[PDB]
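**Q** Using the sequences and the accompanying hints, generate a full structural model.
The chain contents come next:
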Amino acid sequence: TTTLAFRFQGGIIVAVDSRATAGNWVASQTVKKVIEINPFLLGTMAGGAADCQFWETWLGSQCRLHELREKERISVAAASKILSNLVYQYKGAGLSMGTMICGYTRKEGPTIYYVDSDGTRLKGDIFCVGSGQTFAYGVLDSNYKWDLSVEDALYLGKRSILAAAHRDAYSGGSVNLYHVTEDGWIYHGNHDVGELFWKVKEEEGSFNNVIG
Amino acid sequence: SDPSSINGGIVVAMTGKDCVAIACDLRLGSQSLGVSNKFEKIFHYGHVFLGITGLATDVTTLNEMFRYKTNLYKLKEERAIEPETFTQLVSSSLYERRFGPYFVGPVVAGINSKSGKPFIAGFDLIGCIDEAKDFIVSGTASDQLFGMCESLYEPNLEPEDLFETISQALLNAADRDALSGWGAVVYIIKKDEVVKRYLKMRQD
Amino acid sequence: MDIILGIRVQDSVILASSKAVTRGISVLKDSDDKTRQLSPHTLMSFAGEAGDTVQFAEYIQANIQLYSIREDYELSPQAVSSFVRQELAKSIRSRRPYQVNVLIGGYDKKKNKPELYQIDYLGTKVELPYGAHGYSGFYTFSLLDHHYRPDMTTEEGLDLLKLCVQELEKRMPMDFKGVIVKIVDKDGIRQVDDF
Amino acid sequence: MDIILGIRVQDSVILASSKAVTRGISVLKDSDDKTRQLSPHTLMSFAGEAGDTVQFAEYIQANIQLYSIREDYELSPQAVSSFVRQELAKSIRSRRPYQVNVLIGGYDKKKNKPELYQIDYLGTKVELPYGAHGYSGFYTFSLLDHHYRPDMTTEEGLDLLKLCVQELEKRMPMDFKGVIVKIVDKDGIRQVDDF
Amino acid sequence: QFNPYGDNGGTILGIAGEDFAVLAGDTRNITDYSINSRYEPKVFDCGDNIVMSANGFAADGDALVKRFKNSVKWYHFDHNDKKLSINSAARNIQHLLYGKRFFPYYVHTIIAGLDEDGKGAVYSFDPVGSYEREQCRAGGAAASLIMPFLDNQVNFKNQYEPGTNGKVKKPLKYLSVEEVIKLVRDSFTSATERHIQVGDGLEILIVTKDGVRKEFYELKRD
Amino acid sequence: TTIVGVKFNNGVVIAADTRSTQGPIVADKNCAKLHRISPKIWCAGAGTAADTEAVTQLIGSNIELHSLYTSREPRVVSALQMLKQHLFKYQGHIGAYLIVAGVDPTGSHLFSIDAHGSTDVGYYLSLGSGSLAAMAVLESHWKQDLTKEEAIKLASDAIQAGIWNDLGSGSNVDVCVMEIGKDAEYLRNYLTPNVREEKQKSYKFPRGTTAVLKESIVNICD
Amino acid sequence: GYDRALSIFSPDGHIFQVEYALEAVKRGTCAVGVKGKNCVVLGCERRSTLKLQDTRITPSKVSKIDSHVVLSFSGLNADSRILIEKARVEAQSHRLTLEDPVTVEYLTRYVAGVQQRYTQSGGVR
Amino acid sequence: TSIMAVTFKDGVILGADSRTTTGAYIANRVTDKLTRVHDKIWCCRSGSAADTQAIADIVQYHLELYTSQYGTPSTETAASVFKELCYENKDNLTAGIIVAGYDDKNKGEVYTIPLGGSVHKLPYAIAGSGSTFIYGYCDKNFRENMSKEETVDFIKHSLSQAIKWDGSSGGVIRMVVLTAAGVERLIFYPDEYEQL
Amino acid sequence: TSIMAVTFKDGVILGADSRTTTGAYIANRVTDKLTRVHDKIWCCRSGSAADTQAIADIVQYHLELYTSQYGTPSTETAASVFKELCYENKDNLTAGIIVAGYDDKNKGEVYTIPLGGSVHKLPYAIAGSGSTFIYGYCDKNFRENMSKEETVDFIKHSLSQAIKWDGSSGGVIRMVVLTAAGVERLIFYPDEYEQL
Amino acid sequence: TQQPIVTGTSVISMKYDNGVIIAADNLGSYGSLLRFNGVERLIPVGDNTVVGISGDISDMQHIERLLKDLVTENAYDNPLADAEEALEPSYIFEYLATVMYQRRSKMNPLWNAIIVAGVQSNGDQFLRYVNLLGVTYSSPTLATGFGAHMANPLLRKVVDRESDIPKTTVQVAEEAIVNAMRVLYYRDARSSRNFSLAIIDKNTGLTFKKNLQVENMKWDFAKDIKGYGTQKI
Ligand SMILES: [K+]
Ligand SMILES: [Mg+2]
Ligand SMILES: [Mg+2]
Ligand SMILES: [Mg+2]
Ligand SMILES: [Mg+2]
Ligand SMILES: [Mg+2]
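Residue numbers (PDB author numbering), protein chains in the order written: chain K, 1 to 212; chain W, 1 to 204; chain X, 1 to 195; chain J, 1 to 195; chain L, 1 to 222; chain V, 1 to 222; chain C, 1 to 125; chain b, 1 to 196; chain N, 1 to 196; chain M, 1 to 233.
Since the hints were derived computationally from the structure, they do not count as laboratory data.
For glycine and all other residues, C-beta sits at the position ideal for the given N, C-alpha and C.
Please note: incorrect hints may appear among the correct ones.
Result set (DSS-like, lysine-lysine): computed pairs, CA atoms no more than 30 Å apart in a straight line [to be verified]:
{"id": "1", "chain 1": "V", "residue 1": "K29", "chain 2": "V", "residue 2": "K148"}
{"id": "2", "chain 1": "M", "residue 1": "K106", "chain 2": "L", "residue 2": "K100"}
{"id": "3", "chain 1": "C", "residue 1": "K51", "chain 2": "C", "residue 2": "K26"}
{"id": "4", "chain 1": "J", "residue 1": "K125", "chain 2": "K", "residue 2": "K91"}
{"id": "5", "chain 1": "L", "residue 1": "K220", "chain 2": "M", "residue 2": "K167"}
{"id": "6", "chain 1": "L", "residue 1": "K73", "chain 2": "L", "residue 2": "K119"}
{"id": "7", "chain 1": "K", "residue 1": "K123", "chain 2": "J", "residue 2": "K162"}
{"id": "8", "chain 1": "K", "residue 1": "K158", "chain 2": "L", "residue 2": "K173"}
{"id": "9", "chain 1": "L", "residue 1": "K169", "chain 2": "K", "residue 2": "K201"}
{"id": "10", "chain 1": "W", "residue 1": "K190", "chain 2": "W", "residue 2": "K74"}
{"id": "11", "chain 1": "W", "residue 1": "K117", "chain 2": "W", "residue 2": "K69"}
{"id": "12", "chain 1": "M", "residue 1": "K167", "chain 2": "V", "residue 2": "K143"}
{"id": "13", "chain 1": "J", "residue 1": "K162", "chain 2": "X", "residue 2": "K177"}
{"id": "14", "chain 1": "M", "residue 1": "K218", "chain 2": "V", "residue 2": "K153"}
{"id": "15", "chain 1": "M", "residue 1": "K210", "chain 2": "N", "residue 2": "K105"}
Beyond 12 Å from chain L on every Cβ pair, some chain V residues (computed) [unchecked claim]:
{"id": "16", "residue": "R36"}
{"id": "17", "residue": "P39"}
{"id": "18", "residue": "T48"}
{"id": "19", "residue": "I63"}
{"id": "20", "residue": "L68"}
{"id": "21", "residue": "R72"}
{"id": "22", "residue": "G92"}
{"id": "23", "residue": "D104"}
{"id": "24", "residue": "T106"}
{"id": "25", "residue": "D145"}
{"id": "26", "residue": "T147"}
{"id": "27", "residue": "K153"}
**A** Below, the structure is given as structure tokens:
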């Protein structure tokens, strides 16, 4: 996997790939690595597919129970901490997870939390997680400004996954985009790398290492 | 640290009606990191084509070694080496390193210039010869290639049809392997013309 | 050792190599030049096992210089790279192999073209528009995939290289104490002092 | 985690803690605050195993805050340090021990004295004029042995601390992305923003 | 030291059409280089128009199928004979598998049936419960042989429209049950040729709104 | 591999299957495991494929030179001695398991050789992964004073036992008959009981299906 | 373990033990709460049959549960400590997991839930 | 294996079962473990089949070359050649060999050579995995200067018991008689020896 | 150890050597491996001295409590109690026990219990490290319905050979006779049995 | 976690037109020592089922006791214990199969390979295998250990698929089983000559044969075999 999410003037961008692997065997090219917890919360998946999938849908149930009990949507901080406290109980048992809890609330504003299976929990503006995280960072960091437009931010997130999908053997398939605003998350489509690469190469003039 | 799957890559060969085809991907990586998308795995010495998968340093070394040996062969014999003879040379050379082998999966392809017969062969890393009427596969997506070839292949295909079959065999096999892909090349070989085509494939 | 980069542009090859030499919990030196001039228009940077690196570099340097004197002629970058690859390809099945990774940047005077070769300790040679060894590649390759163009000037190449160093200084765990940058072109090899 | 330092001067305790959080070959964050306020005049910095550190820090924080509310009273730095030590001393023979090393800087309002405690994951407590955990001590202790005086001002302590950070930035292998500095004195806890 | 796992070989394959779904599997059961049975079925009708196969270690495979079948029974008892939808079955199986996360069922699970809109559905699971709906999935020993062939022939991957300069893709379309069974039979005969643990016989379970039908075909016994 | 050897009235017959494996994958569906050492001395080989080929060729080469040197037809015991001493020297690392048979001026002979260097003498022998399936048949049906046609039947039946019951063996039966006073007859693909059935579908693609980036003529001439 | 169901229904549908617990509250010293536009004030009676008291150390009638919430009571003094302690622990536990102090409604809901549990648990009054 | 050699009035008799194994599979049920290194000097083989064959072949070569130069070698000499190979290559060998021969001066003689390569001259010797089960029986029943018929019965009864208990032993009981009269080969089948 | 128990006309006799070891050191040369779990139900112990003692003690307790409630237990019952302990604790035990007793209905009976905790009723049983060397001898010499004197000689000769070959066996030969007449203890010293 | 001590080798079996046959030798091995010779490894349950067991004998004796208890427990409050509610082979198997898999799942297996042979109440042949891993399978012929490698190939020549079962008589089937037992005696180093054989027929019922011997063996050709290559005398 490769996944990212960053904060900017117009909210949060979240972008992920869609490949699953068993060693060198490409198991799937159509995995959903973003989970929609509620209309204002997103969770990203990297590491063990089952671990991420099982516990992040479980997290969604805990978030639903919070708003039933408290008559108020759960904070991004509290949601992320439910997950981090859960995995910390299993620390040493062998769970494999690199997740990002992204969302907007009134009291917090746009917020991103990194949560992994050894119990690390970090608030931050930019994170890239997975086997292709470094490739994504390389492009994202070198083009990131706070004042990016919604249009430019969406592209940079998409372009950063594409970068990693290309170079990392264990990333690929397609790009799933999300934009998180004060009004909630908005899905910005599934983008197959099969077509997206050549479209970007031609229009942008990049990827000159590849035989055109 | 399994020598045969550090760099990645695949080669496949097929026979048709009075023709042969041999194809390979272009990837060279270091485990997860893709490094080069120009690394061709098919070479030729006269009219005899050799494809080599596995550890890339041994691929390069063996190419240089067989160029060496076929050049001396030609000088002394005063003729180009034939596929059947070259196959035996590859087998001898690999078995010479029986207990310290080159980590490779070579594939010979070509047409005997005297008889006109299409010929393909495959080897394990220590030289055992695997001759076939239909197809030979090699590389990190060999399972995939076996499955593609065994279903897609039919005998006596015309050069233009054989191109489609072997290309689709390679492409779809490569897309199910993390270490194979990043471009592809197909050689269509007739008695006295050879066409080389680069395929458009997904670059992830 | 650790970080070595290479970028081939229109008219030159630019090599950037980290200045740090670390042993244990101490940075012993912050001005180390991880490169050797093999010939007037050929430069080799290196990284890997302590001792092995410089020993291998200087051994290659001696051999190329010996050739130059014998024939009164400069070997092409392609010829030098193939010699180096074979030496490493021999080495990997020795009793104690050289654990050294190299980049070879050269300007071919007969072709009037810059050339960059990446060779690892196994003897795995590739010609590239841009190259890197070690963990550096995990950041720089994707960055260069985006920003690199084949027709760039030396100045554009240096700015592109600054972008790589900045990224590495942001995301790499270790302090590599900046880089020494050298340019290989038609006029030979020169060092950029202010980077 | 990695670098945590502490200096006790005439009228205050100064804690400096590295800002980097590194996982693998990536620096995930460069603004991490490796500290928790246990009470108005007691601050604890921490370093060690990922997850364990913050979990332990916040668990201690909760317990001290619970005590404060129950008794309407602030525990002395000595009392807090002894509570922390015992928790770690219990931990070391558990099924899965906390792998966390801490420094506790506090100002005792009854004694009108600053106090610095160094406690490792085994539960090994010592009161010190200056302290460090991990590899940091291998440079800073000898430096402070030379330059430290017991009657220094907070400003002198900060300059003394700058000297430590400079040395670590010169000789440490890893980039720890600077430090967050906090002062504990009679008026409580405050953060120096420009370091 | 006692090893609680074993490998019983075999391979399975699930394809979904517009108003149907097939779940096929060979009938050979093996350990090491011996054949245990030439006809030991591992594709089962679990009720509510759900067919299921758990291929790999047969003891775990049987245990899982047994538990899921029982789960369907109790779903009826507890929810007024309500039909268990394929999506609900999938989620339930995830919990069955993940329940043994730290001592896994060594199996690759595939279920097939119809969704609540009447359209064909195939779900596939890894050994610890990660699941995904797909048009197409092969599992087991020869999955690596069969799957790429399915990508090419079911989803038309790498196939472009002739004369369009590789610019227009071959359009996706549902396959008829006749076309699907042809692909299944060719997939298994090809797998039988090149994989030693695959052969003897092929049993296909077809699922439509009318129920569950079976078809059997001989495979090479060497 | 399954390989056998059976003695009869006026000579000896050997046989073998034709499957070559790489793990669970069938690498070669029709490989030749019957090796000519001299015109009337043949060797059936199981084990590491390259080893059985190389060691049989080397000894065959040296046997030819010896035959020319001595002006005599080579003896089976010479091939036996040369093979066993070579294999013993390599302490089993050359993984060749051979059944050596033939006729010479001394008579007809049948031997077996293990990778470590031990040799056996017998009227009937079997080696390889399918040797137990084969030996079961040999022990059930062998008798003293077999005819030529009876021995071929027994030998090929023993190989079939391997083909059907051993996953390590498959495809076809090769046979070689070595009778006293006659030329040795090599019967390549004596039985072919594993012919692939007709495929359900032709997967011939419409021309232009594959997207192409570049074309060029390759120069093979000087 | 002592299991007896002490709080049970009577023929008329009353739980006498709960109602008798209210009589204990009626016996306790008066407590009053009044909330203004920008504040809340908690007033408490202290009986004057106790002279020679030490008011420095005597348990105060109003208790801080957290820095932003307070609790006063009427009834058995010993009983109130158990409720206050549980409330104070829950206050810190909430800050630990939710990373936000309790709302007054939440803290109240918890304390009330504890009280209810003691009306249908065996072996407790 | 179960093997033994026994001296008697007229010379010496060697005895052996006929079983060779890989694990619990019987690779050969009609093996000949009694093996000629000279006209009237034979050996019983136990341990690795490859090792004992390679050794016996080398010894036979050595004694053939000895005979060409110095005439018939003594049984002691033959045992010394076995020892030299077994001792000097002890790290790479798994061979338990019993050497037995007939001289006219020395009559019957038996030398046993265990794993280490030591030599032991004895009136009779037993060896191989199955020998463990007949130490008690053989010690109680062996007498010196037995007749041919008595010695045959002694070996037959002994190996019968060794075969009965040892899974690694079985098949037929082969025997080789070494006397002034010549060399006689005897065989005894299960149906006879099992019901002893 | 070498141990055995043998049924005969009038009942059953148990036999054992008297050697206990740690490595090659003899920790006790006068051990009593024949052990009473009931008046006329005894056992022979082999394997770990601690394990077999702990087991025998528990069995003796069980049979004493059995007798208090249900009267004299059968030999089969005693063997079943041994089995239950040996089988259920097979992972933590190294015990090879022979159980032997005399009923008036069932006369002499012998049950052997190897490492796994299986039960085997036999006319006679041998066990312990030294038993390996007398399988051949005992099988050839045992007859059913022997006399007391014949059975004593059979055990004496058998254990003599087991002791002779097994380094882990030695000392005196103890025997316990179980008949209707009662319980008789016999001892035989090296000077007698060695020269048999 | 275990290791087997006293062990039993192959159990072989097959279906024929009217029922099933099963056989197993009477040996209890102790490593290479052929220790016990009177061991019955076929255990009848009622008059319609025989359970053949290989592997650890202590675990076999435990399973014997379980089956013995199952008969007792089934008879409790069951007026039809010798009629409609008698123990079927399929009940006996499923019970054992459950136990075997539960024991492997607790990492403490019964170290056995088991074949349950019998005839159901409706006349159907029952033959199914289960082992220490809880792996179950059914086939016209079934065998454990060496029997799987040597007996199955021979028995499959008689009954190669389902349609061969009606064509196979009890005379032909028994002949094949008895032959397979001989072959195992030639080739299995932990086999004995003595064995037991059981036939469960839907008409004639349960026939249990004890103290059978392997006979009509070929050993004569051994006399002609001399040396290991070059030796002539
Ligand atoms: K072959
Ligand atoms: Mg990729
Ligand atoms: Mg090689
Ligand atoms: Mg300390
Ligand atoms: Mg087969
Ligand atoms: Mg002794």
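**Q** Compare the structure with each hint and give your call.
**A** Status of each hint after checking the structure:
Proximity of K29/V to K148/V is assessed by CA-CA distance (about 28 Å); at most 30 Å being required, the pair is judged to hold. In summary, the hint linking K106/M to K100/L is supported, as the alpha carbons are separated by about 13 Å, within the 30 Å threshold. Between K51/C and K26/C the alpha-carbon distance is near 23 Å, which keeps this suggested pair within the 30 Å criterion. Distance check on the hinted pair: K125/J and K91/K sit about 27 Å apart at the alpha-carbon level, within 30 Å; holds.
About 23 Å separates the Cα atoms of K220/L and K167/M, which keeps this hinted pair within 30 Å; it holds. Among the hinted pairs, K73/L with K119/L is consistent with the structure: their alpha-carbon atoms are about 24 Å apart, no more than 30 Å. Restraint check for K123/K and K162/J: satisfied, since their Cα atoms lie roughly 28 Å apart, inside the 30 Å limit. Note on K158/K and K173/L: the hinted pairing holds, with a Cα-Cα distance of about 29 Å set against a maximum of 30 Å.
For the hint linking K169/L to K201/K, the alpha-carbon distance of about 19 Å falls within 30 Å, and the restraint holds. Distance hint between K190/W and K74/W is fulfilled; the C-alpha atoms sit about 22 Å from each other, no more than 30 Å. For the suggested pair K117/W and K69/W, the alpha carbons sit about 24 Å apart, so the restraint of at most 30 Å is met. Restraint check for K167/M and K143/V: satisfied, since their Cα atoms lie roughly 28 Å apart, inside the 30 Å limit.
The straight-line distance between the Cα atoms of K162/J and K177/X is roughly 20 Å, inside the 30 Å bound, and the hint therefore holds. A hinted pair counts as satisfied when its Cα atoms are at most 30 Å apart, and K218/M with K153/V qualifies at roughly 20 Å. Distance hint between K210/M and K105/N is fulfilled; the C-alpha atoms sit about 27 Å from each other, no more than 30 Å. Listed as a non-interface residue, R36/V keeps its Cβ farther than 12 Å from every Cβ of chain L; the least gap is roughly 26 Å.
Distance check on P39/V: its Cβ is at least 32 Å (rounded) from any Cβ of chain L, clearing the 12 Å threshold; non-interface status holds. No Cβ of chain L comes within 12 Å of the Cβ of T48/V; the nearest lies about 17 Å off, and the non-interface call holds. In this structure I63/V is separated from chain L by more than 12 Å, as the shortest Cβ-Cβ distance comes to about 34 Å. No Cβ of chain L approaches the Cβ of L68/V within 12 Å, the least distance being about 42 Å, so the stated non-interface status holds.
Separation of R72/V from chain L is adequate, the least Cβ-Cβ distance of about 43 Å exceeding the 12 Å criterion. With a closest Cβ-Cβ approach of about 21 Å to chain L, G92/V is found to remain outside the 12 Å limit, as its non-interface label requires. Here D104/V stays apart from chain L, with its beta-carbon at least about 35 Å from theirs, past the 12 Å limit. No Cβ of chain L comes within 12 Å of the Cβ of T106/V; the nearest lies about 38 Å off, and the non-interface call holds.
Every Cβ of chain L is farther than 12 Å from the Cβ of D145/V; the closest lies at roughly 32 Å, confirming the non-interface assignment. Against chain L, the non-interface label of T147/V holds: every CB pair exceeds 12 Å, the least being about 29 Å. With a cut of 12 Å on Cβ distances, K153/V stays outside the contact zone with chain L, its closest approach being about 19 Å.
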